[PDB]
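Visitor: Could you slot chains B, C, D, E, F and G onto chain A? The hints should help.
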Amino acid sequence: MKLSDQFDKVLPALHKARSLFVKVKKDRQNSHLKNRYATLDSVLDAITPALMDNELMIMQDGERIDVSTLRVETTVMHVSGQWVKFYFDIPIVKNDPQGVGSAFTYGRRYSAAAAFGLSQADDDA
Amino acid sequence: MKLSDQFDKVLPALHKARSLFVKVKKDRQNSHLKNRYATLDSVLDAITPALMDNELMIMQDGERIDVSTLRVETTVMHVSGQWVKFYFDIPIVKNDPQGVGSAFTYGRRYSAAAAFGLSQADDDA
Amino acid sequence: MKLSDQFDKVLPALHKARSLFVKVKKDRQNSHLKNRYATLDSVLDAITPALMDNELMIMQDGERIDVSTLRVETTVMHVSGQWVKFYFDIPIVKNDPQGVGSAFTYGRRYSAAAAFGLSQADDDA
Amino acid sequence: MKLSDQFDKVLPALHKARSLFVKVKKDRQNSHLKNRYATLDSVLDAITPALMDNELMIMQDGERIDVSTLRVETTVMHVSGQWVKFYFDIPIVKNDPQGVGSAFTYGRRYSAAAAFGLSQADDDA
Amino acid sequence: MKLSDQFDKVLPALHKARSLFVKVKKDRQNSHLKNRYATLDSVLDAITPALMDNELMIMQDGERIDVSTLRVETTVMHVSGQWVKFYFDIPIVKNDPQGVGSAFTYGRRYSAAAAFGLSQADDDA
Amino acid sequence: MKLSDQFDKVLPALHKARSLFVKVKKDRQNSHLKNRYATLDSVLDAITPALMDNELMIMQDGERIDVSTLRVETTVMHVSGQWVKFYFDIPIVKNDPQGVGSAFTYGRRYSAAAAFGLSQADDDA
Amino acid sequence: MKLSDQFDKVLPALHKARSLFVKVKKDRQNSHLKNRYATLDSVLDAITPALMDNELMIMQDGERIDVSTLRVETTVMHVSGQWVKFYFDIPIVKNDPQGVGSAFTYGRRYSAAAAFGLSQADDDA
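Read top to bottom, the protein sequences are chains A, B, C, D, E, F and G.
Just so we're aligned, residue 444 is where the first sequence starts under my numbering, counting upward by one.
Just so we're aligned, residue 444 is where the second sequence starts under my numbering, counting upward by one.
Just so we're aligned, residue 444 is where the third sequence starts under my numbering, counting upward by one.
Just so we're aligned, residue 444 is where the fourth sequence starts under my numbering, counting upward by one.
Just so we're aligned, residue 444 is where the fifth sequence starts under my numbering, counting upward by one.
Just so we're aligned, residue 444 is where the sixth sequence starts under my numbering, counting upward by one.
Just so we're aligned, residue 444 is where the seventh sequence starts under my numbering, counting upward by one.
So here's chain A without its partners, still in its complex pose:
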């Protein structure tokens, strides 16, 4: 984790998003859904709708530190320039454009979910 030079604007806005969030973490559980995956829903319409209202960004560098594993740097930005960086890396298997692309999205889901409290356990197949 790398905090920016200042944290007096991004943090208060980030909390305001939490108190208004309707994400799968809270105010969404029901007796119908049993296994939640949301490979795309975790950011498609889950956190982005309120994050943007709170003058925040969702944006993810995909630098590859090593060939074996692809590093993912999930970051959230504020207009004032403050940010907080989350790191998480995912291994590659087939080492071709199709494989790395499918691994990049998986790493994105884990990093963003962990940085915002979303479980995304997906223990079962």
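Hints in this document: simulated from the structure, not taken from any laboratory.
Hints may contain errors.
To be verified - Distance ranges between label pairs, derived from CB positions:
| id | chain 1 | residue 1 | chain 2 | residue 2 | range |
| --- | --- | --- | --- | --- | --- |
| 1 | D | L463 | A | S474 | 37 to 43 Å |
| 2 | C | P492 | B | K537 | 41 to 47 Å |
| 3 | E | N473 | D | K452 | 40 to 46 Å |
| 4 | A | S511 | E | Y480 | 51 to 57 Å |
| 5 | E | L476 | F | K459 | 30 to 36 Å |
| 6 | C | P492 | D | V510 | 49 to 55 Å |
| 7 | C | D470 | B | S511 | 44 to 50 Å |
| 8 | F | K459 | E | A568 | 40 to 46 Å |
| 9 | E | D451 | D | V465 | 32 to 38 Å |
| 10 | G | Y530 | E | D448 | 33 to 39 Å |
| 11 | B | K469 | A | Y480 | 29 to 35 Å |
| 12 | E | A568 | D | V510 | 34 to 40 Å |
As the list claims (entries may be wrong) - A partial selection of chain E residues facing chain D, derived with a Cβ cut-off under 8 Å:
| id | residue |
| --- | --- |
| 13 | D488 |
| 14 | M502 |
| 15 | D504 |
| 16 | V543 |
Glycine is no exception: its CB is placed at the ideal position from the N, C-alpha and C atoms.
Guide: This is chains B, C, D, E, F and G only, laid out in the frame that chain A set:
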């Protein structure tokens, strides 16, 4: 454990969460449940509901120090910028995106549970 | 991620694009489409229409750091000169002009989509 | 053992917990129970109920110094910032997420019990 | 043995515990009991009842200096911050969580008993 | 032998214990007992009853300098902080918790007995 | 032999013990006893009765300089802090707790007897 430069705001708020917490640790045990796992419930609706009310965050970096084991850095933040870092690492078996993802959530559960007193023994299968 | 010397103009304009965006991320999901690929639509008529209205650019260097993998540097520019750089690399297979060209576009889609929140999971074939 | 810079607040509060404690150590022994294990009860409803009333915390880092053995750092915090660190490590057998998780809880029980006087001998199976 | 910077408060309180102690060492021997083990009774209800009344603590670090033997640091604390450290180590046999746990309690019994005069010979099986 | 910085209080009190002692050394021999062992009686009710009355302590570190032999540091403390250290080591045979425990008590008996004049020859089986 | 910093109190008291001693050395020989061993009597009721009356101590460190031989440091103390150290070492045979214990007492008898004039020849079996 890495304390921040100051601790005079995050700590008092953290305690206030404990006195109001209704987590599985206290005020929840009954004569019906016998084995508690809460692979997702430990943070889904257990601690987050009161932590956010106490101006706190739940957020978890997933840096991999070594290929053999994935390091998990569970952190709780305050608006004022104070924080307390918890470290815990979980080994990898199959070293592919599916395996590392399922190991990351397991490490998250152990780190957060230990940092907040939740047993999460899960001795039995 | 490499921020420029100043960030007080590009960032506010970037957010204004998000609040007015009609991208596939939001205000576009329906009950007809099930699997979204948008190999060309992600930038053809999805983000560019509003980005240009907000005095921004979409422009992508294709430097090859190593023969094994082609590096893609996706950048967004403002008239004032501020910018934010996104990095992402994609491996090459056949190492001929046809193969590298098809890999370059794939890397472009992943980098831009991740830097703007678009899922672009494309898990299925 | 690592004492903090100051000890004039955490210690007096810690003793007040002891004089009011109703833990298995005292004021709990009976003629019915013969073998006490409390794999979860040692912290579930045994010490936490009074520790929190005395403005204290129960929180446990799980750093792994070496692959062979997992180190456990059991700590108790006060609002004023004072703390006292207890160290205890537990060996690993199967070196997979399931095994390390079950070893972590065992090490937690031994460290906390010893730091608070609880026997937790568990000599028999 | 490591004495603290000052010893003018912990020592007088420690003696007051001895003069009021009803431990198995004195004022407890009878003509019925012949072999005394007190694997748990040595601290369960033997010394703790009076030690706490004399503003003292019983608390035991379990650091492992070497894999072969587990070191036990039995310490008694006072509110004023003074302390006296007792060292004693116990070898490990099976080098797994079950074995080390049962060895830790055995080492605790020997260290505390010797530091307070309790025989705990247990020569016979 | 390691004397403390001062010896003007512990020594006079130590002698007063000798003049009032009713230990097996003196004022106890009879025509009935022939072979004296007192594996536990040497400190159980022999010297402790008068030592505590003379503001003294009986307390024994069990540091292991080497695996072959276990070192025993028998010490007697005064409220004023003065002390006198006695050293004596006992070899280990089976190098397991049961063996070391039974050797520790044997070394304790020899060290304390020699430091107080008690014979404890135990030449016969 | 190691004399203390001062010798103007312990020595005069030591002589006074000799002039009043009724040890086997003098004022005890008869025509009945022929072979004198006093494995325990040499200190049990022979010298201690008068030594304590002369404000002296009998106390014996058992440090082991080498595994082959056990060193015995027989010392006599005065309230004023003066002392005189006698050294004598005894070899070990079986190198187990039983053997070393029986050798320690033998070395104690030789050192004390020689430092006080007692013959303790024990030439015959």
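Visitor: For which of the previously enumerated hints does the structure constitute a violation, in increasing order of number?
Guide: Nothing - there is no hint that the structure violates, so all of them hold.
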